[PDB]
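With chain A fixed as given, assemble chain B onto it according to the hints.
Each chain, letter by letter, is given below.
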Amino acid sequence: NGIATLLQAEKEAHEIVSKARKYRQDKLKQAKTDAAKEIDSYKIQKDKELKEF
Amino acid sequence: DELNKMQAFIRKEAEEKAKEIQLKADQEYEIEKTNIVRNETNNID
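Order-wise, the sequence lines are chains A and B.
Take any residue in the first sequence, note its place counting from 1, add 1, and you have its number in our numbering.
So in our numbering, spot 8 of the second sequence is number -4, and the numbers just go up one at a time.
Since the hints were made in silico from the structure, they are not lab data.
Some hints could be false.
No more than 20 Å apart at the CA atoms, straight line, and that leaves these computed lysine to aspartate or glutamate pairs for DMTMM-like [unchecked claim]: (1) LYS30/A with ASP14/B; (2) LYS12/B with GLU50/A; (3) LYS12/B with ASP41/A; (4) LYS7/B with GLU11/A; (5) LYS52/A with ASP41/A; (6) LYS33/A with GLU28/B; (7) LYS12/B with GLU13/A; (8) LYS38/A with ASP27/A.
Listed next, the stretches of chain A that the computed footprint assigns to chain B, with coverage defined by at least 3 CB atoms under 8 Å from CB atoms of chain B [as the list claims (entries may be wrong)]: (9) 7 to 15; (10) 24 to 35; (11) 42 to 48.
Note that the Cβ used here is the ideal one computed from N, Cα and C, for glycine as well.
Chain B extracted, bound-state conformation:
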C-alpha cells in the first residue's frame, strides 16, 4: 500500500544513517588504534 511504501522509505533512510554512523565508528576505531600504537611507541622507546 501507499502507507507501507512511505514507511519503507523512512525506515530505509534510517538504515543508511545507521550504516553511516557505524562507518564513522570504524574510522574512529582506526584513529584510536593508531593512538594506542603511538602510546605504545613511547613505552617501547
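Isolated chain A, as found in the complex:
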C-alpha cells in the first residue's frame, strides 16, 4: 500500500541512518586516529625523554 511504502521509505531512511551510523562511527574513527596519534604522541614524549637521557 501507499502508506506501507511510505513506512518502508522511513525504514529505508532509518537504514540510511543506520548506514549513516557507520558513517558516524567513521566520523568518530577520525577521532580514533587522533586518539591513536595521541597514544603515539605520549610514546613520542616518552621517547623524547629517553632520547634526552
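Frame of chain A; chain B shown alone:
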C-alpha cells in the same frame, strides 16, 4: 486506508528504534576505538 495508515505508523516507529539502536552502536564503536587507542598506548609506551 485506515489499516494501512495504522501499519505505517508502527513500521515508522520501528524505524526510529532501529536508527536509535544504530546510533547507540556508533557511540559504542567510538568508545571501543578509544579503548583500542588506549591499549595501543601501553604497547607504544
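Results of checking the hints against the structure:
1. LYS30/A with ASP14/B: At roughly 10 Å apart (the allowed maximum being 20 Å), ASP14/B and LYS30/A satisfy the hint.
2. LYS12/B with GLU50/A: Outside the cut-off at roughly 40 Å; violated.
3. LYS12/B with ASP41/A: Outside the cut-off at roughly 28 Å; violated.
4. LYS7/B with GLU11/A: 10 Å, holds
5. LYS52/A with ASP41/A: 15 Å, holds
6. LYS33/A with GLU28/B: 11 Å, holds
7. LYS12/B with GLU13/A: Holds - the C-alpha atoms of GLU13/A and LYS12/B are around 18 Å apart, at most 20 Å.
8. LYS38/A with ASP27/A: 16 Å, holds
9. 7 to 15: Coverage by chain B holds here, the residue count being 7 at a Cβ distance below 8 Å.
10. 24 to 35: Three-residue rule met by the region 24 to 35 of chain A, so holds; n is 6.
11. 42 to 48: As far as the region 42 to 48 of chain A goes, the hint holds, because 3 residues have Cβ atoms under 8 Å from chain B.
Violation of the numbered hints given earlier is confined to hints 2, 3; the remaining hints are satisfied by the structure.
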